[PDB]
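What you see is the complex with one protein chain gone and the rest in place.
Chain naming follows the written order as A, B, C and D, and within any one chain the residues start at number 1.
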Amino acid sequence: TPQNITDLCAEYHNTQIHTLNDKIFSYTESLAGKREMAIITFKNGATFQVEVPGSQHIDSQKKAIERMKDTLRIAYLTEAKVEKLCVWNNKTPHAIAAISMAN
Amino acid sequence: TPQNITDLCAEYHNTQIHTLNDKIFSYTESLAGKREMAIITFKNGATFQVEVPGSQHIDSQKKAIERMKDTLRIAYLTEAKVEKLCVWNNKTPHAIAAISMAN
Amino acid sequence: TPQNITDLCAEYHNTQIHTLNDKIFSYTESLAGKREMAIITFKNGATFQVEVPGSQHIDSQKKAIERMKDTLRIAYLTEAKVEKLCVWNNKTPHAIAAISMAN
Amino acid sequence: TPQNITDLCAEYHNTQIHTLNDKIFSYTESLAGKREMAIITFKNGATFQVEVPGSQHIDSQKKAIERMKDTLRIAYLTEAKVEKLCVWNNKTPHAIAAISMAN
Partner (left out) sequence: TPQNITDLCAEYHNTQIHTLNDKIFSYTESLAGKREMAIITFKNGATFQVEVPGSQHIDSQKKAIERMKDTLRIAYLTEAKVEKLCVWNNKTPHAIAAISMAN
């Protein structure tokens, strides 16, 4: 079991850490069919998504995907500082796997 | 996959972007049967709905519809600036497909 | 589809608009069996309920009843101004069908 | 249908109203198996639980028990004044049936 987000990252292929140390600049959310997803951006210009749930996801991930969209929304609205994101770099925008918050 | 709301908009027929750059002026919600919906307005008079769930919606949209009504309520109560809305313009009021917030 | 709460209320028999333009004075909620409900009051003495789910309700109302109790709780805790309530005026207390918030 | 918590409490056997007129002093929550419960205290020493769901509860109460734990968590974090609790006074700690907030 990992102790931090950087060690969690390293347990997967096609992932990387972004160190943002900043609040979320924009939050976008969609209910349009086949694009039920969220997108966030930071002022350094980087854009990330929470993927549309799909065949790449196992059943145990379904509640965690919804939790992640809830976390991004409330982090955006509280201007909470995002320390790091672990993302899959085989998607565009890069796909969020995990988030750490600290200030 | 789109990187922003405007590009997401462009993947659908009968949609348009409204640029509001303003907080929500009023938030209405209903539990009345066949009208289980939300309506929002802006100061300029613009009025939008989240549609009642129906046969137009695929299974993957059901939770995203509930999420959008959550998002509009907390945007209203935080006075969060709404940048853009993507809407279906073949409905009256215009029906929300996606929202972007930035301030 | 209606554009505001007054027009929505007119789509139903035995309903009434109350114009409160005030924040909720008191919020009460119960988990007691057969009384799983919420009650709000205004400082003028007006009292309203969200009804216990029952055979008067269709299945699409079940999520909207739970949402309405979530809305009343967060409205109460943010001191948000309630503009109007649409209610079934033949229930005692009057039973909430819809709410609009604006300030 | 009752109009206030005191009248609601009088529709049940083995219940009592406590008038606290104070914010929650501590909030405790557990995910330990057979002890999925919450406990709150007030600074006067009064201690209350939300019961572990069990065979004493009917299926309509499932959702309401989860809502009550959500209500006590946000009441505690907002320092919301609790007016009254309706409790089952034969359980130890006394078990919450309903809550009223007013200030």
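The rule is simple: a contact is a pair of C-beta atoms (placed from the backbone, for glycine too) under 8 Å apart; a residue touches a chain by one contact, two chains touch by 3 or more.
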item: Listed residues D:16, D:47 or D:60, member touching the removed chain; value: D:47
item: Which residue of A:31, A:38, A:52 or A:97 touches the chain not shown here; value: A:97
item: Touching residues on chain A - with respect to the absent chain; value: 1-5, 8, 11-12, 15, 50, 57-58, 60-61, 63-65, 67-68, 71, 74-75, 78, 80, 83, 86, 96-102
item: For chain D, the residues touching the chain missing from this view; value: 25-37, 39, 41, 47, 49, 52-53, 66, 69, 73-74, 76-77, 91-93
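Just so it is clear, only the chains that are shown with their structure count from here on.
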item: Gap in Å, rounded to a whole number, between the CA centres of chain B and chain A; value: 22
item: Chain A and chain D: spacing of chain centres that average the CA atoms, whole Å; value: 36
